Amino acid sequence: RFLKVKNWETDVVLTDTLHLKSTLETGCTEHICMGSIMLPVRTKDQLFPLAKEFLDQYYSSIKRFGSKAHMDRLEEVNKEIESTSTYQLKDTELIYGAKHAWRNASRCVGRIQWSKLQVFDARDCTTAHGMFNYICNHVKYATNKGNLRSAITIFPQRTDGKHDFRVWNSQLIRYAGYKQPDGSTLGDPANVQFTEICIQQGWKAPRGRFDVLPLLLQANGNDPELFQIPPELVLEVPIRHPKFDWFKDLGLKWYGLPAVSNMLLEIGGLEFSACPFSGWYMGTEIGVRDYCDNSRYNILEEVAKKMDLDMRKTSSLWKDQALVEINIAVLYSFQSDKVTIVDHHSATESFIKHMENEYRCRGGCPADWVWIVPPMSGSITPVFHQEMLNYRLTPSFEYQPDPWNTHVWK
Amino acid sequence: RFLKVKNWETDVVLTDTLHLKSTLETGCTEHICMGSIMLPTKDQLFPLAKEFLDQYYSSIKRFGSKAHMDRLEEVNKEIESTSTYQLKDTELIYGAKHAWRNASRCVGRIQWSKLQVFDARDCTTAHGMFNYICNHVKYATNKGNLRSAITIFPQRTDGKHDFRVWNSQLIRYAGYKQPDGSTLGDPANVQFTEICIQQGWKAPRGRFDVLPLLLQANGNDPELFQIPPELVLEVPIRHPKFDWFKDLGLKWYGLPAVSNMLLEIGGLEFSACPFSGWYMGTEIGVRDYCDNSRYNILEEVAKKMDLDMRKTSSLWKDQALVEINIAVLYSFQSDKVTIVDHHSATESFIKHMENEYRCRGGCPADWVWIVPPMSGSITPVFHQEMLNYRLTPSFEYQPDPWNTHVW
Ligand code: HEM
Ligand code: HEM
Ligand SMILES: C[C@H](O)[C@H](O)[C@H]1CNc2nc(N)[nH]c(=O)c2N1
Ligand SMILES: C[C@H](O)[C@H](O)[C@H]1CNc2nc(N)[nH]c(=O)c2N1
Ligand SMILES: CC(C)NC(=N)NO
Ligand SMILES: CC(C)NC(=N)NO
Ligand SMILES: [Zn+2]
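Chains A and B are the protein sequences, given in the same order.
Numbers 299 to 338, 348 to 717, taken from UniProt numbering, label the letters of the first sequence in order.
Numbers 299 to 338, 350 to 716, taken from UniProt numbering, label the letters of the second sequence in order.
Don't read these hints as lab results, they were simulated from the structure.
All C-beta atoms in this analysis are idealised placements derived from N, C-alpha and C, irrespective of residue type, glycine included.
The reader is advised that the hints may include incorrect statements.
[Claimed, not checked] Heads up, simulated BS3-like pairs for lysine-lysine below, C-alpha to C-alpha not over 27 Å straight-line:
1) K370(B) <-> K620(A)
2) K620(A) <-> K555(B)
3) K406(A) <-> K370(A)
4) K469(B) <-> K386(B)
5) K612(B) <-> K550(A)
6) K626(A) <-> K359(B)
7) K351(B) <-> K626(A)
8) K319(B) <-> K469(B)
9) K555(A) <-> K645(A)
10) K620(B) <-> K550(A)
11) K626(A) <-> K660(B)
12) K386(B) <-> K351(B)
13) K626(A) <-> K319(B)
14) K560(B) <-> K613(A)
15) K304(B) <-> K660(B)
16) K560(B) <-> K626(A)
17) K660(B) <-> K370(B)
18) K626(A) <-> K613(B)
19) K560(A) <-> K486(A)
20) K613(B) <-> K555(B)
21) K550(B) <-> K613(A)
22) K645(A) <-> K452(A)
23) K620(A) <-> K550(B)
24) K359(B) <-> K397(B)
25) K613(A) <-> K550(A)
[To be verified] Which chain B residues stay away from chain A? Per the calculated CB distances, all over 12 Å, these:
26) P356
27) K386
28) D398
29) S422
30) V426
31) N454
32) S457
33) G468
34) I504
35) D530
36) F534
37) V567
38) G590
39) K613
40) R699
Using the sequences and the hints given, assemble the complete structure.
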């Protein structure tokens, strides 16, 4: 079965065959679409088939399908599973696997960069202190003094589900949030619950508006432990506007390294519960969501006031106006400090090229439109006009339940 | 079986059961989501008629009454004898209002119960259609104080006697392919604009020429008609600060009226059912003006604002976009023509959703269409999970007549 995808802005029509290799479910049925829904221990039995599918794809990618090396590897893995219930990936398979989980992440608009990923093998790690060291090395390497490099650090895979490695932080770097007794919130409202956990665990919170949270690392299923990332390793950018000299006085700044650390990486059926990864920001993530979401820093009004916009009636579009300036400032500040960042026009244009390339060479590119289209100026970016097909391919990055909800404290 | 929908801005969670009454397919499957795709017999008829009548009588608190049963059998007999049936005026009105109520791609459904229905089922010719349409336009426009309305022409019979409004919207501007290779007017209507010429129309070769109606009655060939200029309310676009804006020579009509869809009620199909409401600012300022394939005016507005268009990161397109949209709303509001901004419209939809969930068990909604083309995440609907599914009565897309018409 072939599926056609059309771009209503250029009439370009693409054909998708890749979806035929989709196995996981989407959440949607032939009677309902859950496309806008945020989020809708294995056995030897279901493991080998998963390993085989992966290994077949791997050996096919290197043009060695059917080879003796390919057949031996399958027998080697099969024997290992029956012998230990699991199996270890070769370094080459790990790299291939991580890159493809990124390549398959339908909610990621920066996938044109997928083949450029530094993979740090932390599978020999055993303690939280070990995790800390690995993570600091990941941060310094990725930051690279502002010239960001994509990377991922992969810790030991899940075994019996009682010895999981987990990074309790949702992102390696994020600002603390504090609920005040008057009901207001200091810092990032999104991290209030995590911040409380850190404090309870022993963290001495400076209680500021931009306090870098400590790492809470869990190794081999043990109780998590706190660690402070060396300040000198956390690159930050003071936010100022190119024309509005008062912008700087808003006291705003943001970290330069976006690194998701709460997702699960699945390769050949194996589950890597601790796999922090990072790239570089698209301006709107900070300027639109982190700064202007009502449930985040929510700075629209203040910026609106300083600009002396007509805030009496929404139809003046004062929010829209302040939004553009804030995002202009974020981009400007980052480029000035020479910290990698990409605007939504560039990122979306590139994704389109990446997408078309993928249809031709791979037969498709699973993409989640709801997440791909930027949170501002939607239709003036090429992706808005691009029909997309969303389906799940493995290897992949998956969501997993927050650790504080499932962990058995020792 | 009881799906939940969460708003990530307010943590409010709503439970949806209405979807359990869905009957039509969505285009998606457990293995693939096509949520972003633009277009994913007597024996067949009665069950449909039955489904409708049941919900109708249920709505009037007469479910399982004699009146209910009586009507059910009368239609039943009528179908068996005539191979179809006619809706009572009450059913027709109820059906039209609910088709709007079920339109998952419409953000303005909070207004659903306030719909003026014009029963044009007694129509028989193209001139009769022109007359009915002019009356609709005049009623809906109401001197700038817009009123939602729909005019329903004769239902389908044997497919060879279908009524159709060839235009996509009752009021749109023409588009012509110039020698330059460029396009004059609205690029989206180039093809239609030609079928008018090819049919007789005398195009003024302008940038904003109100197109002529191409009405098709009882299956016969379509005919042209010029909408009385005095009935087509337009708004000149001027910025409330950029006096130079006017020099762009931009204007837009005040009455948005989709005319190429098919209304489905109890199995019956109304192929010609033009309907109208009032604009949400972004429709004109973002899509009609700034879409690269439309009037694509971003660069022009950018230049006159003296913005650094060298690098995309200066966000000039974004800045210009906002002004262009501030102007649209400004002009309409100045000329006292009904219009709603994306902020107010979206806030209303959220309220409507909550009403629908607590009073009906849900509200089908297509997030991809509901979220405005600009400033997405600063509107409440961005953070609102939505379940999309098809309920009848409904408004469906249908093949352009010029690809099905046997002259
Ligand atoms: C090189 C620069 C990169 C850019 C510009 C890019 C951009 C983005 C953006 C804008 C999002 C949406 C974030 C949000 O709204 O929460 C995203 C999501 C995603 N990206 Fe990328 N990305 C990059 C690198 C990476 C890397 C290196 C990986 C994996 C190795 C990756 C995996 C993903 C995943 C899995 C998601 C969804 C996360 C979630 O569900 O919360 N991205 N990316
Ligand atoms: C009262 C003011 C109304 C508002 C503010 C509203 C707004 C909108 C908007 C913004 C769209 C998207 C248009 C597009 O992007 O092409 C839309 C679509 C739609 N609306 Fe409404 N609407 C209104 C009245 C109506 C009425 C009277 C009906 C039905 C009788 C209706 C039925 C629909 C349908 C079926 C669609 C999707 C059409 C398509 O697929 O092209 N709307 N509405
Ligand atoms: C409800 C809706 O799915 C939700 O608000 C989504 C929409 N699109 C998004 N897109 C991106 N990139 N990131 C997000 O967090 C979201 N949130
Ligand atoms: C490809 C994609 O479905 C398409 O561009 C959609 C997106 N959302 C939309 N939303 C509205 N209201 N109107 C449209 O025409 C579209 N176009
Ligand atoms: C997914 C994450 C590591 N990258 C970003 N959030 N921005 O690019
Ligand atoms: C669908 C149409 C009749 N309404 C609008 N496009 N705007 O409200
Ligand atoms: Zn779907």
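Verification of the supplied hints:
1. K370(B) <-> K620(A): This hinted pair is violated, its Cα atoms lying about 42 Å apart.
2. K620(A) <-> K555(B): holds, 23 Å
3. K406(A) <-> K370(A): Holds - the C-alpha atoms of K370(A) and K406(A) are around 17 Å apart, at most 27 Å.
4. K469(B) <-> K386(B): holds, 24 Å
5. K612(B) <-> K550(A): holds, 18 Å
6. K626(A) <-> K359(B): violated, 49 Å
7. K351(B) <-> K626(A): Between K351(B) and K626(A) the Cα gap is close to 55 Å, so the pair fails against 27 Å, i.e. violated.
8. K319(B) <-> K469(B): violated, 32 Å
9. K555(A) <-> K645(A): Answer holds: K555(A) to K645(A) is near 18 Å, not above 27 Å.
10. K620(B) <-> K550(A): Roughly 16 Å between the alpha carbons, so the hint for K620(B) and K550(A) holds.
11. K626(A) <-> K660(B): Holds: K626(A) and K660(B) sit about 21 Å apart, inside 27 Å.
12. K386(B) <-> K351(B): holds, 11 Å
13. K626(A) <-> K319(B): violated, 39 Å
14. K560(B) <-> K613(A): Violated, at roughly 33 Å.
15. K304(B) <-> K660(B): With a Cα-Cα distance of about 14 Å, the restraint between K304(B) and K660(B) holds, given a limit of 27 Å.
16. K560(B) <-> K626(A): Distance ~25 Å between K560(B) and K626(A) Cα, so the pair holds.
17. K660(B) <-> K370(B): This hinted pair holds, its Cα atoms lying about 25 Å apart.
18. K626(A) <-> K613(B): holds, 23 Å
19. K560(A) <-> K486(A): holds, 21 Å
20. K613(B) <-> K555(B): With a Cα-Cα distance of about 11 Å, the restraint between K613(B) and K555(B) holds, given a limit of 27 Å.
21. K550(B) <-> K613(A): Between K550(B) and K613(A) the Cα gap is close to 19 Å, so the pair holds against 27 Å.
22. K645(A) <-> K452(A): holds, 9 Å
23. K620(A) <-> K550(B): Status holds; Cα separation ~17 Å.
24. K359(B) <-> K397(B): holds, 14 Å
25. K613(A) <-> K550(A): Holds, because 13 Å separates the two Cα atoms, which is no more than 27 Å.
26. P356: holds, 17 Å
27. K386: holds, 32 Å
28. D398: Consistent with the label, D398(B) stays out of reach of chain A, its closest Cβ about 32 Å off (over 12 Å).
29. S422: holds, 25 Å
30. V426: holds, 29 Å
31. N454: Label holds. Min Cβ-Cβ 17 Å, cutoff 12 Å.
32. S457: Non-interface label stands for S457(B): nearest chain A Cβ at 20 Å, farther than 12 Å.
33. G468: Since the minimum Cβ distance to chain A is about 27 Å, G468(B) lies beyond 12 Å and the statement holds.
34. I504: holds, 19 Å
35. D530: holds, 29 Å
36. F534: holds, 30 Å
37. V567: Fine: 17 Å to the nearest Cβ keeps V567(B) off the interface.
38. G590: Non-interface label fails for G590(B): nearest chain A Cβ at 8 Å, not farther than 12 Å.
39. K613: holds, 17 Å
40. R699: violated, 8 Å
In the structure shown, a violation is registered for the earlier hints numbered 1, 6, 7, 8, 13, 14, 38 and 40, in ascending order.
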